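We have chain A already, so just place chains B and C on it with the hints.
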Amino acid sequence: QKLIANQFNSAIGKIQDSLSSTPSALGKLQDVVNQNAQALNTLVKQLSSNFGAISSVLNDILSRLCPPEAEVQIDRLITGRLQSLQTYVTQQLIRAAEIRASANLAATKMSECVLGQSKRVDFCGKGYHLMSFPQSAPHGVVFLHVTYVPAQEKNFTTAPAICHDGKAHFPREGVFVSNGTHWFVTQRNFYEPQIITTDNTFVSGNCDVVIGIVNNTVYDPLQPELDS
Amino acid sequence: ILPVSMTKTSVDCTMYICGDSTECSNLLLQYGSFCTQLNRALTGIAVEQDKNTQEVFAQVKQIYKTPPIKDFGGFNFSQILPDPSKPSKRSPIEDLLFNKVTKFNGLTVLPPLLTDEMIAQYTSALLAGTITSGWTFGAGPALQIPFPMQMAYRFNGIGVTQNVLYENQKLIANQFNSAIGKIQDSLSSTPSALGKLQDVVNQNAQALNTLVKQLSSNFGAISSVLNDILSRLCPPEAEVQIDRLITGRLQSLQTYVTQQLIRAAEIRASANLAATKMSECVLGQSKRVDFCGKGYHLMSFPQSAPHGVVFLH
Amino acid sequence: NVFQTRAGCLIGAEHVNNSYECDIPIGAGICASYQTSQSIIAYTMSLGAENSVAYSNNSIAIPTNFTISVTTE
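Protein sequences, first through last, are from chains A, B and C. In terms of the UniProt record's numbering, the first sequence opens at residue 920 and continues consecutively. Those letters in the second sequence? Residues 726 to 827, 854 to 1064, per the UniProt record's numbering, in order. Those letters in the third sequence? Residues 641 to 676, 689 to 725, per the UniProt record's numbering, in order.
Isolated chain A, as found in the complex:
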């Protein structure tokens, strides 16, 4: 518990170093600021365009000309500025659909990663998901996905079953493994070798049926209780 607590505390500590040292990390939220600022800067700059009128400025047309020709020059600015707005609103509708797809994903990671624990691989970060913490950010959310990553492999010889009194034994939970001379049953995601027993294993059939079954004793805990 102290190792796991200190690894968690240290990994939460590294998040501030990571976000402080990496300007590209927030780049997904900063690009949402940049695209919408650039869309308005492009919309505003299009008021400087002539679109084929005698001026880009509507008050030049209205102060120089009179209705027979002024309304012809104005309708070139109306046509161009209306096409400039229709372009912007079309881009903002497509951009809003992308932000909504991201908000639906963020709402799904809130339910499944934060309010739960996720069995979905790589949904709540790389590793076997433990839990996630939401942090707010400008235009977004940030999830600190806590995950168990296995870290220090050992190679073991392994078997699908053990054959005892002709009975084939399989592990209830875990794997059979050997250190090279002795056979143990271990849980799969962390090495914790236990003696092979009638409590750790279940029988089905006999040695004839299973390819790669190994002959080993299986301890029956009732035996010394009857013999004592």
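Just so you know, the hints here were simulated from the structure itself, not pulled from any lab data. Beta carbons are placed, not taken as given, at the ideal position from N, Cα and C, and that holds for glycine. Any given hint could be a false lead.
Here are the simulated distance ranges between beta carbons [claimed, not checked]:
1) C/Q675 with A/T1076: 41 to 51 Å
2) C/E661 with B/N1023: 38 to 48 Å
3) A/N953 with B/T1006: 25 to 35 Å
4) B/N960 with C/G700: 38 to 48 Å
5) B/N824 with A/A1020: 46 to 56 Å
6) A/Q1054 with B/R765: 30 to 40 Å
7) B/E748 with C/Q675: 26 to 36 Å
8) B/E748 with A/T941: 42 to 52 Å
9) C/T676 with A/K933: 25 to 35 Å
Partial chain C-side listing against chain B, Cβ under 7 Å, derived [stated by the list, open to error]:
10) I664
11) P665
12) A668
13) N709
Below, simulated BS3-like cross-link-like pairs (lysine-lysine); rule was C-alpha separation at most 27 Å, straight line [to be verified]:
14) B/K786 with A/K933
15) B/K814 with B/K795
16) B/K921 with B/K933
17) A/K1073 with B/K776
18) A/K1038 with B/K776
19) B/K790 with A/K1045
20) A/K1086 with B/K921
21) B/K964 with B/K933
22) B/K825 with B/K1045
This is chains B and C only, laid out in the frame that chain A set:
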């Protein structure tokens, strides 16, 4: 079969609208930043197709490779693993998937960042990791495990007791090998199976052909051809005729780029789904009903295809 | 310093036989980066470190320890 990317087109809108004409290009400047924001949109779509492809295939940080000897306990991956005999080392199924899916006007096609041979190195790495180490290469270090014992864990994952595999291992291996064999017959006999990837090729080719053919339209000008106006007329009236062509060719491009932005959003949603099937079906085992095919999911294999990925669930 | 990529002719970038993670993406498997005496280099991108999993019909790797990772999304 899932589409994952589409052809990275880019259109030089000054040459599409005003093809090598300074007389027209000086009029096209009066419409301001429409031509620069059409290029910005098509560049954003084209960069996204490399992201869509990267998110699906580049889920593995190390290029895992299979052992020389194939001691998989009767299971036979030869039709999904690479074939070294080929000019590019695709699998026997990826060779079917690549066979069954089939310019001067400023329109161009940019190459994808990852070549088909890099996509095949990623599907090989995903697949060699899957076969030799189970889900473990997605969740942490690749941990070797015998393939009969991996399938026995996949059986516990569906609530079927693992002795059901070890006592039926030859049957399950023969059913697996035969079911993988039927995939090649399905893909070879039924070329419309790839129709979801061919539809992505066809819609992009049809949108480019519609964009090219809109250069033949007058839009109300005395000719569809810009060099007719500039050889017959002079600046008081040539500009009146060219503004009809600029307006029509600009509206022709805005219609293409709008429909390519909506079509890119459909391919992105399909690439996000394919990236999720890679993580949850290939790098894992999925409890999600009918997500990784019909039946209780055991495992999946990615195979690359033109503009897409194919999962053998 | 003049190099034919399948994306086009690349000029002013030094072609390099090594491969690295893709820094600036050029296309058709080519990338470029700025590196050491400094130049823009151009290279075929590396997909990842190559690995062989030590598979055999009776070997399993079991992890004897863990790390509590925290990944920011």
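Hint check:
1. C/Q675 with A/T1076: 41 to 51 Å: 46 Å, holds
2. C/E661 with B/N1023: 38 to 48 Å: 23 Å, violated
3. A/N953 with B/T1006: 25 to 35 Å: 27 Å, holds
4. B/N960 with C/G700: 38 to 48 Å: 39 Å, holds
5. B/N824 with A/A1020: 46 to 56 Å: 34 Å, violated
6. A/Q1054 with B/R765: 30 to 40 Å: 32 Å, holds
7. B/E748 with C/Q675: 26 to 36 Å: Given a distance of about 46 Å, which is not inside 26 to 36 Å, the answer is violated.
8. B/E748 with A/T941: 42 to 52 Å: 50 Å, holds
9. C/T676 with A/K933: 25 to 35 Å: Given a distance of about 29 Å, which is inside 25 to 35 Å, the answer is holds.
10. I664: Because about 11 Å separates C/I664 from the closest Cβ in chain B, which is outside the 7 Å limit, the hint is violated.
11. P665: 5 Å, holds
12. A668: Since the shortest Cβ distance to chain B is 4 Å, the answer is holds.
13. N709: Holds, because the Cβ-Cβ distance from C/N709 to chain B comes to roughly 4 Å (cut-off 7 Å).
14. B/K786 with A/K933: Holds - the C-alpha atoms of A/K933 and B/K786 are around 22 Å apart, at most 27 Å.
15. B/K814 with B/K795: 18 Å, holds
16. B/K921 with B/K933: Answer holds: B/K921 to B/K933 is near 18 Å, not above 27 Å.
17. A/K1073 with B/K776: Between A/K1073 and B/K776 the Cα gap is close to 37 Å, so the pair fails against 27 Å, i.e. violated.
18. A/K1038 with B/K776: Holds, at about 26 Å.
19. B/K790 with A/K1045: 21 Å, holds
20. A/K1086 with B/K921: 20 Å, holds
21. B/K964 with B/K933: 43 Å, violated
22. B/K825 with B/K1045: 24 Å, holds
Hint compliance for this structure: hints 2, 5, 7, 10, 17, 21 are not met, and every other hint is.
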